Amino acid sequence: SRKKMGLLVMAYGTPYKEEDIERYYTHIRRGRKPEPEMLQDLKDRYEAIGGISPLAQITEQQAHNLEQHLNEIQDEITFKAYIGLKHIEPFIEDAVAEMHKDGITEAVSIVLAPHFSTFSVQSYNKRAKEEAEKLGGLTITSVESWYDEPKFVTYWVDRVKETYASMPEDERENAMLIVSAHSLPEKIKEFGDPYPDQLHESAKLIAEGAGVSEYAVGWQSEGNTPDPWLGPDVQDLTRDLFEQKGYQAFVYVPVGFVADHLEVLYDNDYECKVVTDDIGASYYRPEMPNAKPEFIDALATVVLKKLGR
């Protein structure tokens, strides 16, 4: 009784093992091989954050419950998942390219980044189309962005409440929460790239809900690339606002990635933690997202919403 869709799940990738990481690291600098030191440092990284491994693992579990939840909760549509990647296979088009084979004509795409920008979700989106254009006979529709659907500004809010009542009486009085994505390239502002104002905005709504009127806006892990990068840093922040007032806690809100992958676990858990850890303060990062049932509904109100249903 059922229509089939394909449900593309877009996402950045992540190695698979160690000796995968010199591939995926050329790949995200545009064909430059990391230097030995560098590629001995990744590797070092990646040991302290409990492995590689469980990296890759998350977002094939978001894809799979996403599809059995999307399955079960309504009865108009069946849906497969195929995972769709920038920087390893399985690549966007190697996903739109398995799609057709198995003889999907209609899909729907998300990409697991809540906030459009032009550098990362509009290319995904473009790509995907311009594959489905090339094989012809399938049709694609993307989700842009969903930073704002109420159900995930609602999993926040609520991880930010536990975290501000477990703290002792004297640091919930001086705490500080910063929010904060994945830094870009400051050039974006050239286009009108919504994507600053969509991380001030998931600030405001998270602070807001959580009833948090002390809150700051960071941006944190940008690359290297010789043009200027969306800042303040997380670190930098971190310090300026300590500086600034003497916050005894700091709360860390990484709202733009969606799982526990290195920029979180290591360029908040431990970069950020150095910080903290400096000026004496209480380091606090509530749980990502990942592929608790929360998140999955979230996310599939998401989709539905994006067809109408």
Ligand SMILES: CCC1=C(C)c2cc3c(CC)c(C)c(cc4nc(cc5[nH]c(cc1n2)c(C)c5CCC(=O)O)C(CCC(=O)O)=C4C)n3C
Contents of the next structure:
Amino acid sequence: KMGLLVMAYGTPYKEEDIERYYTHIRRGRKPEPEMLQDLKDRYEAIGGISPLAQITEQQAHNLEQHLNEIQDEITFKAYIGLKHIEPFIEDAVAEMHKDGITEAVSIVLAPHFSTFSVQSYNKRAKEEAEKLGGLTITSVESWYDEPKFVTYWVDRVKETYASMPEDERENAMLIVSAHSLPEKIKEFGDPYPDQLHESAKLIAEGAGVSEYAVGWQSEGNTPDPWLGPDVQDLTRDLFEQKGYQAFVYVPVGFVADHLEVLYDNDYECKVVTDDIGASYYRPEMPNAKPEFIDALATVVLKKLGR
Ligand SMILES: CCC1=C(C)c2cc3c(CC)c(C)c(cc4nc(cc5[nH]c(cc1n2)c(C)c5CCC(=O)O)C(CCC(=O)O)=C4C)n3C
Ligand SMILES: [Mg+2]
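So that was the form solved without the named molecule. Now I'd like the form deposited with the named molecule bound, please.
Following is the full complex, with the preceding chain placed first.
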């Protein structure tokens, strides 16, 4: 029986947990009253926070189920480990250890590798495992290039373009994005930017979409500069240059209908498209769909030489 450590940034499971979540993100400092209310309002704006955390749970549960279904050599047991929400990464490793797991494979629910979003999680997981002893973790570092994942987005893009009216179909711009990170990741030779670019190329080329651009979104508010351009500004700049009648957003860096997609794209990017008179398109996120889960299972098996 092998452990399957599924990690992610995390989202509050209950509305009452938002402040604590924010505090964790701010490394021990409670958010200012208004700052807190603003975040609460965004969750409200997208229909409520309750559904969100459940997607990650379903992704982990479905992945476990699928992996035990498609092959009969290994019996996987999933453990979710989150960065800012309990169960925390260390606690997940602690439970695997307590459960008797001696070997585990880990995967982060973010296809592109980055020092802040994949490496830090893997590092924290392995250090805790080392500390407890008798537990070896093999970690997936990036999977944006898994053919099945690329195909998922390629098909979603094909469907969207094939369904647009003529005026729009030949005057559209595809914007491929991921979550922005501080520019200082460059001090570590972080390939994150390169991977998003390759991810965009693979998808646009597979879909036969010639007009596309790479952008970043959801940057946090700190004194340091984050990766740009932001999808909002990119959309406007491109419209000003070519006057596109439609924009298709593929937030490939994200795997589910969370705040970044439902708000930063579906609301903020549509505000821009609405403002310049262009149509807004944003294909279905992977969430816990069978096609996506099978892509993840493949990534895990390949990592294990299976
Ligand atoms: C890529 C995954 C990712 C997601 C999703 C994410 C989400 C997110 C949320 C949830 C809506 C909130 C309230 C904030 C909002 C924020 N997010 C961060 C800080 C970060 N946010 C980060 C990453 C990150 N943040 C990283 C990495 C940092 C730390 C960067 C660094 O070390 O300098 C801050 C700064 C908090 C502080 O004051 O320390 C705010 C605000 N972020 C951007
Ligand atoms: Mg924002």
